[PDB]
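The chain below stands alone, shown as structure tokens; this is the form deposited in one PDB entry.
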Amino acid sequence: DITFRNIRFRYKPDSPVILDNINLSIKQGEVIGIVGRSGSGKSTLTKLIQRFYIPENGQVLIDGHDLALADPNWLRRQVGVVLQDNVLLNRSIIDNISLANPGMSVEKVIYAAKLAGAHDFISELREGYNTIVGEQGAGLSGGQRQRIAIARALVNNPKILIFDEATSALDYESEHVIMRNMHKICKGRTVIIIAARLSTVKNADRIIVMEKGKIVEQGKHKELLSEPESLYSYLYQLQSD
């Protein structure tokens, strides 16, 4: 239901070719992980789903709808993105999470904070969800701030959700609580996970390996780790030692 066909893309006229001839189908409800060297074009692939850019060759389509012709507002509702680092407005946690669904009850915010593994640390705060984050009020850790952002993203309920190195700075136990629920957070919707840390995407239905603007490998963790001279096995071979 997300389709890339013969996609070539560069950022500007004199830019080098970033994506060269990608062909790819991601079906609805599928957890897909994307790995590869720094600069291989992982994010750029992801940016083409958001119509931040028009590709010089080929089409990007969502359930048949070409993103060249699609309505620009309809587009922004389809995709939710959690980057490595996220803003957080200078106000309460409750108000920060509720950006995704204005008019939300406390109960639903609880639910979504539980889902992102944020509820335990929020509750321990003096003022709970009313606590006030941002560049003035009581600061938080990276990981904690990152967990609020993910809760926020979970409430939005996009038909396509992108994690762009979102748990890369999170501890293994905190990442797991989030991912475990992704088996329930992908229910009816696509989950795209760009990861430097291979084990982050260990339970993906499919893992895509990028190298110099193209998909050179694919399969499950096992299917990819069966090939000895594959790039995936080389990456995994490192720092598992």
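Numbering follows the first chain given and starts at 1. Rigid core: the largest C-alpha set superposing within 1.5 Å between the two forms. What changes on going to the form deposited in another entry:
- Core-superposed comparison between the two forms: the C-alpha position of residue 75 differs by less than 2 Å.
- The rigid-core alignment places the CA of residue 30 less than 2 Å apart between the two forms.
- The Cα position of residue 132 differs by 2 Å or more between the two forms after fitting on the rigid core.
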Given for the second form:
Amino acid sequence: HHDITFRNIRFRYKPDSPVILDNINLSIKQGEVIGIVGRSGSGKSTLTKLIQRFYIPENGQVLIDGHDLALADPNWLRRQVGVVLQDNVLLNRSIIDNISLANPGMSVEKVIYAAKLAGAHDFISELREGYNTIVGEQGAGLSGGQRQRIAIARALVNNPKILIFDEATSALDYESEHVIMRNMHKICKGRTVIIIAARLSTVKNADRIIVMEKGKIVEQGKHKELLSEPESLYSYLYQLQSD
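Having seen the form deposited in one PDB entry, the form deposited in another entry:
One chain, no partners, no other molecules: that is all that follows.
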């Protein structure tokens, strides 16, 4: 079964604005973990915005879980997709409030489950005020890597069938990165996952990597196969980011 399909998608942000996505064709199997790489401004984040129907394409269709999103219930769509946001944990609010910031009636049990997958439960549990800890500075002083694991738990709490990782805007501490990489298979288990990767190394082990350039998918495949394509943009990017 395919959880996500783009057919002939053309998109621009405003009536006269430049075309940002052109003739995008992609079909992602249920449970696939996809990495999307490409230079800044290639259209990676825009592709994810369309999955959520934040914007409507001028040509083509997006189909989610088989449903054309034009026809799909927007409430159902919002429940199908969890997004790991960057730098979006609310400082003036508690950890649990941050994690359940979609369904405030969210069971403590559901919150802790999502926190365990995210690898946040352990550090939260060792805080004086636990889940009731106010995230904010002088209110506790959590790190960016701790906050990022909180952001993962938030994304996971409603058990989304599709999980999207927005591009990383900062480096996290070794501890937090280690916990996340160790827990990734648990976080992704049973879900279709899209990771927008600043560094190609991040998605070396994805089922498939999609390479975007100037709003088109130029290359797609497994890491080893993309490196086998003689003059591939993938290899070029791989070389550029290499030590």
